[PDB]
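Just the one chain here, the form deposited in one PDB entry, laid out as structure tokens.
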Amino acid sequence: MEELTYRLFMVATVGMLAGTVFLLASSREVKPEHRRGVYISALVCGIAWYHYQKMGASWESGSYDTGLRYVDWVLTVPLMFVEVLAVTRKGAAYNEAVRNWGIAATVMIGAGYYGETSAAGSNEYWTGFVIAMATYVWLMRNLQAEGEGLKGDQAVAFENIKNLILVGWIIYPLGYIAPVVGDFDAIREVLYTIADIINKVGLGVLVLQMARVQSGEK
């Protein structure tokens, strides 16, 4: 398990860089007025690239710092919401949602960090899990409500974005509780890494697809 976890960190590091530069190179494929979300998606992957380089070295040392993962999350999750919410809102509606979801994400990630750095299975560990879970469900329920009236290609493209988040983000609570289901400390790290690649590279790809649709592309 330890070597598999190291190899996955090293592969995910290159994967995040690849996501970054692919998204940048792909921005010419959409109209200028729809490139912003592609650039923000690339920024998300680029921040992750920086942190994954650190995480792989941290894991390789044998004294692993999950604070590298959580600081990556606290910066990148609110950014990922920026372009999700831009599809459905602008102006005052957008500002309020971006702020409120960002605050919620910060509470979720902070509660997770509090719990994960507690003794596994302790009351503190479960407190962090339960607070994070409730905030997570609140976020997902807000997300499900966004874009309900959309029709056509833009509705399909936005539902693909929504469903990637609704399904793909389940991996994180599974990873968090993997160490109490078995001798699986490393499996937590495996699951977080797989989740980040799927969710960050995947969301960038779907935001690019959303921008092609908005560009009038088939």
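Positions refer to the first chain, counted from 1. C-alpha atoms forming the largest set that superposes within 1.5 Å between two forms make up the rigid core. What changes on going to the form deposited in another entry:
When the two forms are superposed on their rigid core between these two forms, the C-alpha shift of 2 Å or more among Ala111, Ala86, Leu139, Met133 belongs solely to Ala86.
For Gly152, the Cα coordinates differ by under 2 angstroms between these two forms after the core has been superposed. After superposition on the rigid core, the Cα of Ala178 moves by 2 Å or more between these two forms. Comparing the forms between these two forms, the C-alpha position of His34 differs by 2 angstroms or more, with the core used for superposition.
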Second form
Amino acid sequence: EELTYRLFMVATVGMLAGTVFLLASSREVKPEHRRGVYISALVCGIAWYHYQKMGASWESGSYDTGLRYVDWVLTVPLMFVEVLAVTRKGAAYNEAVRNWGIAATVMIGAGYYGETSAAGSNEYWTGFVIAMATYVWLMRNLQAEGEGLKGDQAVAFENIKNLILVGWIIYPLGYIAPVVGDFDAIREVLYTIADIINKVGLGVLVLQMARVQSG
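Having seen the form deposited in one PDB entry, could you give me the form deposited in another entry?
Partners and other molecules have been left off, which leaves just the chain.
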């Protein structure tokens, strides 16, 4: 139980560092590519706040699984937005933002729907199935987003895509874990680590893409 607490504080500090790093480095890219960088720092700042609330809620003996999903419902759509903001602009950006944003919201909501039921129950499987399908629909969209890119942009986008494809697998895995057995304490540890890597990492890589686009 102490490790779980300690990791919430480590994440708190990492998310803040990520936020301030990204805000500081935003001045280093051309204004027309800063949007993604700004949304990235926002994601990290939201996560910074929620990890503080998670950490307080854990050492007080009241730990709300709820606070995790509140974070995800905000940050997951925004993480798609970070990415779309460096791959698109104009009407096409506003369209993907709406369409992918809604899909990411539905994924997390289906998740929460299933999570708040008995594991193995019908609600649980329904949640999994609908979120998993939306997850797949999003990963496919993200894979399609790279087609047409050239040179250093293609390489920069390849890194953002692969961070999400590989890095986000742990979330559905964790959801499934407990029907396979007793993986409850470990899931909380792994998700925290994952969140730090996925949110600071993606910000960094969005910042790298924006620099490429600025040279």
